[PDB]
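Below, in structure tokens: the form deposited in one PDB entry, a single chain.
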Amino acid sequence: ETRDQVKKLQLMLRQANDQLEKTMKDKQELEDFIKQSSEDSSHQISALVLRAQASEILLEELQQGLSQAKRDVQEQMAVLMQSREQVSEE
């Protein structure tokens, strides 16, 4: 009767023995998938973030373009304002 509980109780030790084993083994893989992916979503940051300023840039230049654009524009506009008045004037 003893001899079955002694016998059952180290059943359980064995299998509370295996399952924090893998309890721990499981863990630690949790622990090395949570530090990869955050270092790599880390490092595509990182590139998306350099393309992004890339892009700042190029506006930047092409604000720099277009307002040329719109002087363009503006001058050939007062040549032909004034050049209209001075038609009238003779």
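Take the two forms, find the largest set of C-alpha atoms that superpose within 1.5 Å, and that set is the rigid core. Residue numbers count along the first chain shown, from 1. What changes on going to the form deposited in another entry:
Measuring CA movement between the two forms with the rigid core aligned, the set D26, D32, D40, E60 has one residue at 2 Å or more: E60. A displacement of less than 2 angstroms separates the C-alpha positions of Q15 between the two forms, with the rigid core held in common.
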Given for the second form:
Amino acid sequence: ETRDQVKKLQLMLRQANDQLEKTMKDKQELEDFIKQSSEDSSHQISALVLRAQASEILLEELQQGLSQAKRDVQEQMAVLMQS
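One more: the block was the form deposited in one PDB entry; return the form deposited in another entry.
Here you get just the chain by itself.
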């Protein structure tokens, strides 16, 4: 009965190819989960990064504005001194 054996093997090949199809669909679901998860976390993080660099550029300009403010006040002491 290599004829019954052939029918068995056809069944087993159908079950294996079905299994493959399903596992491939699973893989695709994981790849989609990865993509969705990365897009979300990037959103969050790009926001936090924007806020950080804004803070940084501002505080830089405030170092400047502090020197400059001290300079302005000093020129005011210069004038006050002319008296």
